[PDB]
Amino acid sequence: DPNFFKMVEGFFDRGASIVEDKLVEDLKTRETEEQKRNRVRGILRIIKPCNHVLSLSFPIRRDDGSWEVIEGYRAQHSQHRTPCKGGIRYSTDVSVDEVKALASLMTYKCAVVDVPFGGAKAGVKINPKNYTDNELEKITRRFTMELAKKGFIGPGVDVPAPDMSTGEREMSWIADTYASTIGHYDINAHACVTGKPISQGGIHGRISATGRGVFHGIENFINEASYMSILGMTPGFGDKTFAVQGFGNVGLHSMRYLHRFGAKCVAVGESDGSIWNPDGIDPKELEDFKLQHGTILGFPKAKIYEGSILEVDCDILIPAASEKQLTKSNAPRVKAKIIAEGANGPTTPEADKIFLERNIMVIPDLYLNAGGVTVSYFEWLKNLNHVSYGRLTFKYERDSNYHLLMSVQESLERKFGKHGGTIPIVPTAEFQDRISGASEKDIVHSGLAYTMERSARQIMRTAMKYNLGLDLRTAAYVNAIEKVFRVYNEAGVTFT
Amino acid sequence: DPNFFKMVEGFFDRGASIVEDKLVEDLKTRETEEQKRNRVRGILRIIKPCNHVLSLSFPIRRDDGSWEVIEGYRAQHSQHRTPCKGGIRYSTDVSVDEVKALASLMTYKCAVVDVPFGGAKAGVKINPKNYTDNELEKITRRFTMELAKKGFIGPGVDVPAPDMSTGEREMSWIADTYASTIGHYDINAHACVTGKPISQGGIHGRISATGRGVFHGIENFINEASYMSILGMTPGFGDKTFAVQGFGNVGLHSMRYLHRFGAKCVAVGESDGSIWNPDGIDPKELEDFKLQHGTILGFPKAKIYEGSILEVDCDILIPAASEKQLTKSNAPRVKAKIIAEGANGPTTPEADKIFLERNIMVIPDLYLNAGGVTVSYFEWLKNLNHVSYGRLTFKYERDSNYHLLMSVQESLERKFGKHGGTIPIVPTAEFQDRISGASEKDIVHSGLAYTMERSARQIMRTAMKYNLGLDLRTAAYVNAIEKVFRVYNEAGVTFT
Amino acid sequence: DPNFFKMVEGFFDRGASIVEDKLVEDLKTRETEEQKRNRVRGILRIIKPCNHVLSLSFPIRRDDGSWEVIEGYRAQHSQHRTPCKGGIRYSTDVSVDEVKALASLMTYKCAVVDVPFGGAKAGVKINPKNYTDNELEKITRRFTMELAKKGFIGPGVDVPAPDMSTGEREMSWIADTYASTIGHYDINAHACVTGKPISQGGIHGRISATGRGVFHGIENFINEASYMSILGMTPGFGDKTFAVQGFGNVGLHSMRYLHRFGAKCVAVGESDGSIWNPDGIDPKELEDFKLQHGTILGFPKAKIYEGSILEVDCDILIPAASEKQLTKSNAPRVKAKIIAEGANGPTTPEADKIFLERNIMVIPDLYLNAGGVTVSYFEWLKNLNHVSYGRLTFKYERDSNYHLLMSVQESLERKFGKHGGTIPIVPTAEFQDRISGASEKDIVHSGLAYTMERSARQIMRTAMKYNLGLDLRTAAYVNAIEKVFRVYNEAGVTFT
Ligand SMILES: O=C(O[C@H]1Cc2c(O)cc(O)cc2O[C@@H]1c1ccc(O)c(O)c1)c1cc(O)c(O)c(O)c1
Ligand SMILES: O=C(O[C@H]1Cc2c(O)cc(O)cc2O[C@@H]1c1ccc(O)c(O)c1)c1cc(O)c(O)c(O)c1
Ligand SMILES: O=C(O[C@H]1Cc2c(O)cc(O)cc2O[C@@H]1c1ccc(O)c(O)c1)c1cc(O)c(O)c(O)c1
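Protein chains in written order, with UniProt numbering: chain W, 66 to 561; chain S, 66 to 561; chain C, 66 to 561.
Watch out, some of these pointers could steer you wrong.
All copies of an identical chain are treated as equivalent in the list; a pair is satisfied when it fits inside any one copy or across any two copies.
Said to hold, decoys possible - In silico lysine to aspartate or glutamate, EDC-like type, Cα no more than 20 angstroms apart, as pairs:
#1 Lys355 / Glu505
#2 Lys101 / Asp128
#3 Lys329 / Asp129
#4 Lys113 / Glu211
It is worth saying that the hints were derived from the structure and are not from the lab.
Excised from the complex, chain W in its bound form:
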């Protein structure tokens, strides 16, 4: 746990130095000096800092009747894209310099995965356990309100999302508040927030989103030996053990869908304990260990283990909990060989230099948990379209398929003069399930893969153009910076 603050500011500067030659060479203009350096040196000094960042403070009535002040923050990084976006967090750790960095990170995350959004982030310095459910509703509903009055919430202005100990039911309050007060007259009022439950205009598949993101991100890597020929290991994805931190939302489903494919587990940790089992624990059982009683503490197969969470002899480690759990106190340790950032910045630049020198591949959060916002993107789009995806183009498409297949049948039955034998009316077993169980989530799942997979091409191409090889982090930010630049370059200085 370092002070740092400038955690993300280092990576930008790192990626910034290398594109200083590309932008001056790719820009086609009539200025042609070396003040080209001076324009670009200026353009990057604008993207670095957050353009707006509102500090807040509002009172509420506890169930006592006692009165308490609540500090809250929200930072819009860039506004190159019309709507900023980023989750909101409820924890005592909440700091001003926190969201100022996190919102910055969200800008480049949206750039990597070609999501037309600006980076944003918020935070409330409370502790959610210490308040009731009735107490916590008034915090969110009024936090909503005090943000709409100053233009930090609304479709096309800013769209927040859930995060640390923030769930669907809370976003539902956000929506219900905005659609009943300020954004009343707005048709797309319910689009003010992504992550709301499905009866509230949500989308199928974001419950899983960060998980499949964790999954699809790892998938596009241990299926290409171009990075195993250096790291070692086996393209045989199966027999690989993993360990998660922070069993919650991102922690569950990064495991719920990682197990499915034959990849065993070995450990699970929360904010008090850990688990150790070389046989491989199964979320089949231990998932009814949440509110069934309360807090994890071991179970059948689940042994009580303490020391830390990383430590354990493993392959794939995912610190999907709080922030900066990896520093020099533990970077030369970690009996692992590939790390994947499920949470936002658990790896510090203090540790990358060590990992890089030990041939350990850390999957950057800037890429990995980008599925969450990519689907968030879709959820937003859903509310602007006011239709479940495929709600009109399923029967037309499944009827078009069934006519197409039979068309090859009958076309095969006149070259074959008896009409009755051939039968291609039946599609393959996988495809028959595709049009019988056709829903909205299938569109989302395929779009998530098409966005995720094509983004890994944008990295593993820009990494092999600069010999980064294993440092995909400095290969990620160097692609996002280039995408946000042209957005500023081709927009021109605005004289207002």
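Fit chains S and C with the ligands to the supplied structure of chain W, relying on the hints for placement.
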């Protein structure tokens, strides 16, 4: 060696403790517990901190073509009144904790003089000498824009003002920006800022406003020996020497109008040096020492003097420059007798306990320069009325008087049989000039006096109610607190 | 008789038939038919029904956690004047037809005193004693919301007021909600409801409003002998007695001011008993029977009397309590000479043809107690002008008078050799306290006073045109109608 931030936080807490008794006493309800404290002890915890405060960051291009980032801040303290009020500052000293304190100060300043405004403040971390006029316009107009976006400028939401290094021309750009872009459709668009020049919707007597405020504030004190029977010093207002710091806007007319009434000067200081002359210098001459040359440096009868500005042998000192120039390094000094705070918070709580223990009169900024916003109030009101004051009720007044006077004539020539003798048609010499040189200016001066004078009564009543005597500072805040509390107590916790 | 339902429908229709001739006569257009009647006969049928009325149904939840559906209504009668006006009511009495009726009343009521307000009224079908204060805030707060989303609360659209069991604190919740959700961007947000407390932007004189309205309505008839040469009685206002009913708010001030000026009392009684004393009870002592005890029961000189309240021998009877206290069961007696309707229509058309046929004067509530909304009208304007009336023109007008008084003195001290002898500097003792105690009240009471005086001069003129002599009721509505008609006529049929 000044001190840190909490500047005003101590004064509120200082005044807050003594109202804790009468608030539970004057409150008339069926609540009736000792929880009366818990409501009130809670209500005060809401008023202390600023409710909103936007940190800004916007880019501009110098006349170079070079690009520079400009950090900008703005704090709305309270929102108990529908609009917030507070000037904006242009200086490298600009800090977040600065305006946060200053905006707090403005809330109570507007409460002392019964001005239905909420406190606010802003600042721009630049240095105006280092930019051109063409360069500085871009800052203001852009800064305007980024504030209307997030709702920190607009009539009935937040109205800024000029301050130090900010003049009428800049307020004119503010207005011209707001009235051509965001608030175009607003009828009262030009009401978004007070302090603008007269051809742009200002008000006569505002150029002088802070000055007359300094004057009438001092006037209501050396006109009653109930504070000279303890301080010493003659009620004969004339033969009193004064010295000003910061020959700029507030420094000028706090002297220009103070000299008028027969009060000798002795010293004037700026950011370079000072002046020392026991005969008394005259603004009639050394006022053409601004842009005529550029900076002060002595003149005929103006000698070069250094050392300091405050220690000079004087009676009335007015630190009308930056902030906190009176601390432990100079409080047990100052060869003065009565000090008057022309700028915002030049006396620290570190210096009051030294001044009070030596029987020295410090006139609180919370009250002194309140004329500045009191006229600001009027200028705002002018734009919602869209008439210069008296623009219709002058000839009706001047004609009604002349009919009234001849009515006493014609009624006195009836009891006196000759019809031609008596002549009360003519008013006193002073009243003849009144209805001849009648303008908007006069309605402002009389309303400023009426507001100012009645405020001193609300203080000197609540001062000897608690045996404060010489510490009118704590008699000021103790009066403003109870005015804002009433606004909060009778508005109720808003479930939103 | 329409004892509850079409309560006023008789009054309109009865008044409607009368104006038929004048309107076609007063009509100056190029029509010139017998179809001129068709125009007016239709236009009146436009005014008779409330053109809009919303029936509501919104839920809450009590301190228990249980849930209750709340019915509510609000009726916007006319929209000829841009904002609509009328209080809200919190009783089980509340009925669709009830508010649909009282809204009609408020239209013509605010057309007699010449107030540019359209008529409206609202109600909520509950009983406040059954709900806690906390429970009553959320009812009030959300009732506001559901009226704004549908356009029934807002300056220039519709402005409510207090009334039956509706206090200032409740009006304070209406504003705080409207001004914090829908009408946030509105400068006149808090101008959406009148009757709110002082600190929240109220006006001085609401509490004392209807009492003065009663008195000035009285004053404009015992001072005109046109209506004493037919009723009898001495115009000599002095030695006359009055009997009140409903010793509260309207009752107190209607007596306190009526006595102060010369009238003697005789009787007082509320929902318990009555007092009898032809010596004349004095309100300056018996008013400490309020919450100092709990209810009336008589006191020294205050006899314990039964029977009723009205039949007491007296001259001036005022029913300042509930609805309908005068029918065929008491009209053939009540040996009084004049009845002023302190409440809303305590006199039935089942009793006017007894009072009219007995040469008694019943003063319409259409004009008398209309002194509450006219002051409530001023409070609206205060919230619009954001200034206490005369905040600026108090020291200016006080300074103007002394200069006048000295102008005559100095004018008289020159035709007389010595300079200082004469002393008209001091004005009359009644005038000295006027400029000494000059406050908002004095302006409201006058603006009130001139309003009904002109109004009375407008009724008594329209009555002497149709020989109504004693039917002020039908002489009252007959006036408001032509005003409402003239608005509609010169506007035309809106083709939308
Ligand atoms: O609308 C689109 O415009 C983006 C296209 C684009 C790109 O392909 C490459 C690149 O290097 C920059 C770049 O700029 C835009 C952009 C997008 C997202 C951001 O966050 C951001 O700052 C800027 C878009 C989106 C897709 O997904 C597509 O497949 C597609 O063809 C177009
Ligand atoms: O509309 C008026 O309401 C203010 C009257 C008032 C008062 O006289 C004393 C007090 O202790 C509290 C208080 O509350 C209101 C207020 C005003 C200004 C603020 O900043 C603020 O927070 C609250 C007003 C304004 C005048 O100038 C008057 O002369 C006048 O009679 C009434
Ligand atoms: O702007 C004003 O127009 C009103 C003046 C007026 C009138 O004097 C007599 C009449 O028969 C009709 C009439 O039409 C208007 C009106 C006003 C109020 C209503 O409710 C209503 O339906 C219609 C006004 C208001 C005043 O208070 C004045 O003193 C004044 O000179 C002018």
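Hint-by-hint comparison with the structure:
no., hint, verdict
1, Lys355 / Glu505, "neither (27 angstroms within a copy, 46 angstroms between copies)"
2, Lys101 / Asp128, "between (61 angstroms within a copy, 16 angstroms between copies)"
3, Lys329 / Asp129, "neither (48 angstroms within a copy, 50 angstroms between copies)"
4, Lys113 / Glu211, "between (27 angstroms within a copy, 18 angstroms between copies)"
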